Amino acid sequence: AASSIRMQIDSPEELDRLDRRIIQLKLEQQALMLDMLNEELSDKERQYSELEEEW
Amino acid sequence: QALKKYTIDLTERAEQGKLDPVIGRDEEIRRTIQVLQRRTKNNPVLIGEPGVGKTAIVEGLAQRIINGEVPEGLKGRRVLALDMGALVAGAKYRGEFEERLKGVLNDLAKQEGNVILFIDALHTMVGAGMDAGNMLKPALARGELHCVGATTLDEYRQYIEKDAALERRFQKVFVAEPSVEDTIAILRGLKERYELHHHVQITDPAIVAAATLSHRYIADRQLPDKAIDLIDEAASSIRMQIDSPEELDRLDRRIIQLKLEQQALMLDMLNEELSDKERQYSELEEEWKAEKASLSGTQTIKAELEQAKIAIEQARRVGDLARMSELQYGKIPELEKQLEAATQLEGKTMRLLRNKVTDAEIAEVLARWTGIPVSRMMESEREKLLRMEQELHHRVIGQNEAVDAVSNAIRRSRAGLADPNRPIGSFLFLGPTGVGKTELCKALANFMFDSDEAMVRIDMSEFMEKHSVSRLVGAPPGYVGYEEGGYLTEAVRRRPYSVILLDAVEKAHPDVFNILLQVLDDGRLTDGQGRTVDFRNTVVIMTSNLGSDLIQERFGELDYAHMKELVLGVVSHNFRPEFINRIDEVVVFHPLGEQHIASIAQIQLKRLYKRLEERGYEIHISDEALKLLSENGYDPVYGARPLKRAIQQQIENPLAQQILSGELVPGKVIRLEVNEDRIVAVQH
Amino acid sequence: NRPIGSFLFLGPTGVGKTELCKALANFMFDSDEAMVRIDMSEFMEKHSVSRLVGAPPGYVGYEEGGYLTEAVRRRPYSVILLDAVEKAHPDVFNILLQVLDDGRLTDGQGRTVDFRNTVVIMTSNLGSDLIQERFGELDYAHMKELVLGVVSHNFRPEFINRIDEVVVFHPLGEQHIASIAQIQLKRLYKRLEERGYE
Amino acid sequence: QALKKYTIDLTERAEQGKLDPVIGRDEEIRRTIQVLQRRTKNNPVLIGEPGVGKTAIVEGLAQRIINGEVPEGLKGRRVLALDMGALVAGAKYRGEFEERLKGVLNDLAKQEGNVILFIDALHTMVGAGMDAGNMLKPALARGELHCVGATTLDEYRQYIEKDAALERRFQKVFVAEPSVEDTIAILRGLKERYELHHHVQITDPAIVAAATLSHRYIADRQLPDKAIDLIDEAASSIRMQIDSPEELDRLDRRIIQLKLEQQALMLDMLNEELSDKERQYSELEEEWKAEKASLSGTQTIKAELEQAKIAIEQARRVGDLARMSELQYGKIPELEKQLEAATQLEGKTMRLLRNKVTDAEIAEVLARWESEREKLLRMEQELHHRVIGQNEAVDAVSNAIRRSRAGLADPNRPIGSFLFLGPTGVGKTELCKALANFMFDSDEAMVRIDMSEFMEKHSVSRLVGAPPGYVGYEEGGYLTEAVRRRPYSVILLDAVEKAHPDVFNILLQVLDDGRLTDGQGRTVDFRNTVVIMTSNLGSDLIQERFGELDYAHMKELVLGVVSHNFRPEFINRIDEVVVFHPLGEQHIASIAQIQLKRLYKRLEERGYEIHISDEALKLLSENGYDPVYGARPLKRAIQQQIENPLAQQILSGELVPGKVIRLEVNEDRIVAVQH
Amino acid sequence: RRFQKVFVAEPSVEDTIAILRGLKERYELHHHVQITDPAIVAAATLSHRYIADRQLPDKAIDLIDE
Amino acid sequence: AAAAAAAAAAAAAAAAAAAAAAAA
Ligand SMILES: Nc1ncnc2c1ncn2[C@@H]1O[C@H](COP(=O)(O)OP(=O)(O)OP(O)(O)=S)[C@@H](O)[C@H]1O
Ligand SMILES: Nc1ncnc2c1ncn2[C@@H]1O[C@H](COP(=O)(O)OP(=O)(O)OP(O)(O)=S)[C@@H](O)[C@H]1O
Ligand SMILES: Nc1ncnc2c1ncn2[C@@H]1O[C@H](COP(=O)(O)OP(=O)(O)OP(O)(O)=S)[C@@H](O)[C@H]1O
Ligand SMILES: Nc1ncnc2c1ncn2[C@@H]1O[C@H](COP(=O)(O)OP(=O)(O)OP(O)(O)=S)[C@@H](O)[C@H]1O
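Residue numbers (our numbering), protein chains in the order written: chain P, 1 to 55; chain S, 1 to 684; chain U, 1 to 198; chain H, 1 to 675; chain R, 1 to 66; chain W, 1 to 24.
Note that these hints are calculated values from the structure, not bench results.
Heads up, some of the hints might be wrong.
Reference listing, derived: stretches of chain W covered by chain H, where coverage requires no fewer than 3 residues with Cβ under 8 Å from a Cβ of chain H [to be verified]:
1. 1-7
2. 16-23
So the derived label-pair ranges between C-beta atoms look like this [said to hold, decoys possible]:
3. U:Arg74 - H:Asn666: 44 to 50 Å
4. H:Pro138 - S:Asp154: 43 to 49 Å
5. P:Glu40 - S:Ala303: 32 to 38 Å
6. S:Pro477 - H:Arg157: 29 to 35 Å
Far from chain W by the CB rule (all over 12 Å, computed), these chain S residues [what the hints assert, rightly or not]:
7. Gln34
8. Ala165
9. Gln262
10. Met269
11. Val318
12. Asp452
13. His467
14. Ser470
15. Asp549
16. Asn574
From the three backbone atoms N, C-alpha and C, an ideal C-beta is built for every residue, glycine too.
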């Protein structure tokens with residue numbers, strides 16, 4: 001259980017949610033080069049950076 | 001160095017993408033990571049039945065390492081699977097294997113937790129030709145080694161729990177035998193892999209049928225492996241049945257036959273017929289080449305789609321920006337839509353060449369792998385079932401009850417309506433003596449396998465003692481005939497589809513009925529060595545003549561039902577009642593009338609004519625002789641065998657008497673005429 | 001110091017008795033094969049305790065262990081059925097009274113195994129003629145009392161009073177029949193779905 | 001040199017005095033010397049159960065060779081011992097055991113008739129893989145080897161009667177079991193060795209008491225070995241108790257805790273308290289050092305006493321004249337008397353403590369790994385600790401027990417021979433249980449036999465024992481295993497009147513012989529057990545006529561009834577038939593009260609404080625009471641009518657552990673309250 | 001589990017006959033003789049009938065070669 | 001250098017017995 005919680009220390013999961021989201025929208029905006037996705041990407045990257053610094 | 005000279009990087013083939021997409025089993029990978037970062041009992045060891053992707057679970061660890069799904073402390077590590085056989089070979093001089101192995105030890109010490117070792121079949125590390133266990137066991141019992149074990153449960157009992165000096169280094173990391181639906185998901189991912197190599201397409205109902213019918217029928221192999229092999233084999237079956245046609249063979253033999261005929265005749269007309277059929281041959285041949293070209297373009301562009309997926313995973317690891325979006329939104333949708341265009345074009349053009357694996361492909365593969373009629377009903381089987389009822393009336397006149405019973409049983413077998421919790425025909429026969437009981441069982445054997453004695457005729461007239469279970473089942477270990485196995489375990493575990501016949505079961509000593517309980521409840525049987533034996537594709541007919549006096553007393557003036565219940569009570573007196581209700585249906589025979597024995601006389605006379613053809617003689621009987629035989633070879637008390645004796649005597653004694661005189665010449669039809677009492681053979 | 005299960009289940013056959021034992025296994029013992037099926041119908045003979053329990057040898061059920069006590073030595077966490085207690089003998093009640101008082105039970109081999117982690121169930125059919133007859137328009141408690149009087153006619157009442165409770169299983173008339181036939185129809189539908197039929 | 005690889009020079013060890021000065025057994029040693037100076041068949045074997053010191057017999061023979069007490073064929077020989085397990089365990093392949101075995105024979109011939117061999121585990125040498133006996137066959141036969149066996153009688157009859165060369169290339173020398181007094185003299189010889197090793201002294205009455213209790217409370221181990229183990233482990237325990245101490249640990253933890261407290265406080269008072277406790281700890285410490293110095297001097301003077309004894313034995317071997325009288329008459333009495341001065345000095349000064357190991361230490365070692373007679377003086381009180389009433393039967397049974405452990409009558413006749421009558425349920429079986437309990441050990445550590453069953457010839461064949469080659473064989477009769485596994489128990493015979501009268505013959509053989517021959521050819525004794533026969537023949541005769549009718553005449557009346565029933569030979573051998581009258585309603589009510597006591601004990605095991613109305617107790621005692629059966633219907637009826645509604649209310653979520661739970665009456669039943 | 005069983009069957013009666021016909025041509029290469037077709041049906045019939053120990057088509061070849 | 005020499009490897013197997021009652 002100690003090593004299990006240690007694995008939980010070396011997680012999180014919403015980081016992966018937001019990272020797949022930002023790389024997916026980065027793929028989309030790189031294709032679209034209407035957009036709105038610069039702003040969506042900026043919001044999600046700020047959220048990801050905040051949660052990352054919290055981590 | 002020697003790591004590069006004797007180990008195998010699993011993570012390199014993970015980097016090279018050669019390894020299998022390990023799907024499922026996430027929980028055990030997690031528990032493996034848990035055990036890996038544990039101070040004491042540091043080295044995990046994998047425990048399971050063989051065939052369950054233990055090596056694949058270690059490679060799935062490697063997958064999550066390269067993809068970075070692991071924790072950060074295990075990122076950038078190394079997984080080097082050491083080859084024993086590389087270590088063994090070149091050590092020609094003394095202590096070179098010692099020298100090599102100690103150098104590997106020193107380099108592993110130098111790597112300092114970066115490299116994580118994995119050597120399965122851990123007994124080989126226990127000794128590799130002093131040699132390896134006494135050399136590595138220091139690094140084991142010092143904690144410098146961070147290895148991972150993987151074994152079968154057999155070595156976990158033998159070569160692991162015996163040395164309790166290795167106990168506090170390990171952990172029962174038990175892998176369970178996986179279930180049906182995880183095998184289905186695994187097969188979806190491995191369909192996506194496997195259709196590259198076999199160049200075919202696989203239907204998903206065929207996949208769930210592979211899982212279902214693999215789990216139901218075989219027992220020696222387990223999930224996931226048996227269904228995967230059914231996929232791989234039936235894909236090869238599709239590959240072969242595409243790889244050469246059959247109508248081309250029909251027309252090619254036709255045109256070479258007409259070619260030989262036309263060249264022999266040199267009226268003609270055969271130049272014209274040969275030219276038309278050669279045109280047909282060339283047309284179907286060129287169509288065959290064009291459709292094979294369709295296979296070629298379709299599968300090559302499918303492989304290009306797969307390489308696009310692999311390269312975009314490479315870009316996911318590396319992190320290019322325009323290459324990711326370029327490869328995805330350019331390469332994927334266009335190759336997908338033109339692969340679907342080639343797929344619907346094959347749906348247009350593939351005529352003789354069904355490249356999509358149906359479930360019937362899987363069923364035919366399974367049938368020819370186990371023995372059961374798993375293949376779908378060719379209509380030879382349907383007419384064979386018409387023949388089932390009829391041909392049972394051929395080699396057995398009379399006794400229509402068990403005829404119907406066995407007919408219904410194999411009918412409920414073939415249509416899938418059987419019960420996979422029990423063996424198919426759990427029959428018990430009864431009645432008076434000599435009335436076609438063993439005949440009916442040989443009649444089934446003649447039906448099902450076209451062989452009179454191809455049936456396991458275990459005879460319950462040997463088993464009148466306690467130790468006779470050790471005759472038929474097998475022997476417990478350490479003792480005499482232990483390595484030879486019994487008889488029933490052999491003759492079932494080879495071919496699970498036969499007519500297990502238990503001749504005269506009342507004479508066996510009543511502990512053997514315990515084995516019959518396990519049969520006629522479960523159909524898996526604890527043999528003496530340790531394992532089990534599936535019976536649920538067999539038919540267990542048991543014969544006896546318990547209520548002989550009762551049935552020969554009262555088959556007249558009684559129904560079938562209360563006669564059945566009355567002899568049923570007799571059986572209740574003789575067996576265990578725990579046995580008798582684990583039966584499909586007791587059938588009740590009865591003796592024969594004159595027409596029955598007259599028909600049997602026709603049967604035996606036809607096989608007698610079959611015999612005397614081989615000596616070279618042919619006989620047309622007087623019809624009056626039928627009356628004398630039916631008067632002679634008849635009694636209700638003793639059934640049929642006085643007919644065999646009467647025909648044998650009254651025919652073949654003067655017949656053989658006069659054959660050995662050299663008197664009866666081959667060439668004449670021997671009219672067996674009669675005197676007032678006897679049979680007189682004539683020569684005209 | 002009494003064992004967990006002490007049960008006489010009265011009623012006709014068919015009726016879920018073995019199914020009740022397996023459901024009791026299914027939730028108390030949480031599995032199917034936590035049971036040992038032994039009828040007492042085979043034990044009208046004088047050598048019931050020998051083959052059942054363990055004996056001075058010369059027999060068969062010695063190197064096997066035995067029928068009952070040594071299978072509890074195999075399965076100490078189990079449920080015991082005893083069908084057909086009307087087929088009894090003096091070396092049936094007495095072994096069972098040692099069970100009812102003790103749980104630990106003297107075999108032939110001399111190694112008693114406790115029964116206080118297990119469930120002992122008996123069944124019979126003695127007053128089940130009356131159960132087949134008059135379950136309709138009669139209650140449950142007075143029927144249970146009258147059939148317990150019937151068992152007191154058949155058995156010694158000092159035997160049948162160490163049991164926890166003797167209950168009655170009624171004949172399953174209509175909807176039980178419809179339900180269980182529907183179960184077999186649905187598993188038939190399931191296997192023909194495996195074939196591909198509706 | 002496999003002699004260096006596999007053998008032990010015991011002559012070297014006893015020559016260096018490493019070994020036991022083994023005492024006694026001189027006849028058997030002499031017969032071994034007889035065997036060892038033959039021309040052929042020059043090999044004795046030793047037959048006895050292990051732990052009788054056959055090894056030590058060979059050891060004492062070797063010490064006699066060191067002494068040179070031997071005739072003129074043995075002076076100068078070297079006795080060497082050998083295992084077979086040291087040879088079998090290295091058999092990887094074919095021919096690796098046997099290279100060792102032949103190299104052994106090459107060393108044996110190499111020493112040229114000078115070495116006497118010892119080999120124990122002879123029955124081991126039978127089986128190793130032909131394997132072992134055939135290579136030793138010539139040297140065992142041709143006089144070129146002087147092997148000495150050591151094994152057990154069962155292994156002799158199992159193994160050594162098979163190979164005839166294994167028979168007559170050896171010779172039997174019977175090894176007996178040592179007596180009580182000879183064990184005492186042995187331990188007297190072994191006392192000084194122990195007192196040298198464990199640095200302490202030993203009470204010699206505790207030695208003979210250790211011998212008594214070793215025979216008494218131990219069945220498996222035997223002599224010398226079990227008393228060796230007792231005295232060694234007790235001496236080690238006493239040596240640990242001396243070589244510690246507890247009050248010093250308490251005082252040391254106290255002074256360091258008050259030291260930390262005074263260091264934290266820097267009102268005080270704690271410098272003064274700390275100085276007082278340090279002074280007391282120093283007093284205890286100096287007493288401890290004075291005791292250890294006294295025991296050090298005692299052990300040194302004891303070891304010098306033993307060295308003087310070894311020196312006077314060396315003078316007996318060599319033959320110095322004035323050294324004998326000098327060492328004896330000077331060194332022995334003065335060192336013994338100042339060793340006794342040290343003994344009384346350490347009896348004075350060991351306080352916190354003893355060194356002389358007493359028999360209570362033996363009781364510790366024994367019961368871990370003495371009021372018997374006086375409890376038997378109050379044995380009637382013991383029996384009425386648990387069972388109320390039937391005083392006369394208690395008295396007569398206590399009379400029989402006093403005659404038994406006092407040992408007046410025939411010891412070949414069994415202890416308890418008692419037929420019991422009257423109606424059951426009053427506690428006859430309860431009397432049996434408590435009788436075996438306070439008599440010997442336990443309530444149900446007994447044997448119960450259902451003699452209601454056995455009515456025919458095959459029934460006798462059951463309980464007696466089936467003859468061989470028949471049905472019920474390999475675990476004896478019903479009776480025979482039950483007693484042979486239970487050497488000290490009580491036999492119970494219920495419903496003796498239901499039996500066929502032939503089993504009474506088996507009972508008569510019991511009462512005369514006490515050894516009883518089964519079908520398995522072995523007699524299982526009953527002389528250390530109690531037979532209890534029970535019946536109920538004159539039940540109604542007592543129930544109708546207990547009122548103001550005495551014990552003796554009613555006993556004689558129902559005895560005449562039994563004379564109408566049973567054999568005159570059978571009632572001849574009866575010690576006494578007690579009455580077992582129905583007691584009363586209040587005494588059976590009191591037995592129900594004791595059932596309520598164990599009930600409340602189990603409720604307190606659950607943890608409930610539950611009380612009762614005494615009227616509720618009267619209703620209980622009137623629920624299931626019957627004169628026809630006794631208290632057992634009352635027992636089960638009260639048990640049901642309590643356990644069902646009470647635990648019904650408990651599982652109804654009503655009863656709380658820790659409330660006033662008075663079992664108040666209903667109109668006919670009992671309700672519990674919550675207050 | 002590193003393999004696949006391929007259950008080679010015991011060959012039947014008439015299949016043994018055809019096998020013997022091809023090998024009849026081969027032994028008429030070697031042993032300088034002629035072979036009749038009743039010899040073929042006799043070798044099949046007899047090896048299936050009398051002997052028990054060995055199996056088709058090994059023992060029919062035993063007969064023909066001998 | 002030397003060669004891995006061949007061995008001898010003595011092995012063994014066992015027997016049960018069987019005892020048989022009489023009915024009467
Ligand atoms: N989770 C899985 N995902 C994909 N394929 C799997 C999975 N588990 C098993 N397999 C397949 O089953 C095979 C079993 O390989 P192995 O690891 O060698 O078998 P094993 O069951 O681990 O036992 P051994 O002794 O190594 S044969 C794999 O190579 C795959 O083909
Ligand atoms: N309806 C039938 N048609 C043809 N032959 C039959 C028929 N009934 C009986 N026979 C003959 O009866 C004989 C039966 O042999 P068995 O099967 O051993 O005897 P059984 O009557 O089936 O039972 P047992 O084992 O002899 S007591 C054979 O020779 C059959 O030819
Ligand atoms: N009330 C019921 N609910 C469900 N199934 C029932 C019910 N009553 C009877 N059955 C079924 O009746 C069928 C008869 O099979 P059995 O269970 O062997 O007979 P029964 O339950 O056992 O009574 P016994 O003890 O065997 S005589 C089974 O399928 C039972 O599940
Ligand atoms: N004559 C004796 N004088 C003193 N002690 C003796 C004598 N005979 C036997 N003993 C004791 O018996 C003890 C038993 O030890 P062992 O010699 O091992 O027993 P054993 O009788 O040889 O049987 P095994 O097989 O060796 S256990 C020895 O330690 C002796 O002290």
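So, going through the hints one by one against the coordinates:
{"no.": "1", "hint": "1-7", "verdict": "violated (count 1)"}
{"no.": "2", "hint": "16-23", "verdict": "holds (count 4)"}
{"no.": "3", "hint": "U:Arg74 - H:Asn666: 44 to 50 Å", "verdict": "holds (47 Å)"}
{"no.": "4", "hint": "H:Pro138 - S:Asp154: 43 to 49 Å", "verdict": "holds (47 Å)"}
{"no.": "5", "hint": "P:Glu40 - S:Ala303: 32 to 38 Å", "verdict": "holds (36 Å)"}
{"no.": "6", "hint": "S:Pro477 - H:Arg157: 29 to 35 Å", "verdict": "holds (31 Å)"}
{"no.": "7", "hint": "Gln34", "verdict": "holds (42 Å)"}
{"no.": "8", "hint": "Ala165", "verdict": "holds (26 Å)"}
{"no.": "9", "hint": "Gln262", "verdict": "holds (70 Å)"}
{"no.": "10", "hint": "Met269", "verdict": "holds (78 Å)"}
{"no.": "11", "hint": "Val318", "verdict": "holds (50 Å)"}
{"no.": "12", "hint": "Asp452", "verdict": "holds (36 Å)"}
{"no.": "13", "hint": "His467", "verdict": "violated (5 Å)"}
{"no.": "14", "hint": "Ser470", "verdict": "violated (8 Å)"}
{"no.": "15", "hint": "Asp549", "verdict": "holds (24 Å)"}
{"no.": "16", "hint": "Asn574", "verdict": "holds (17 Å)"}
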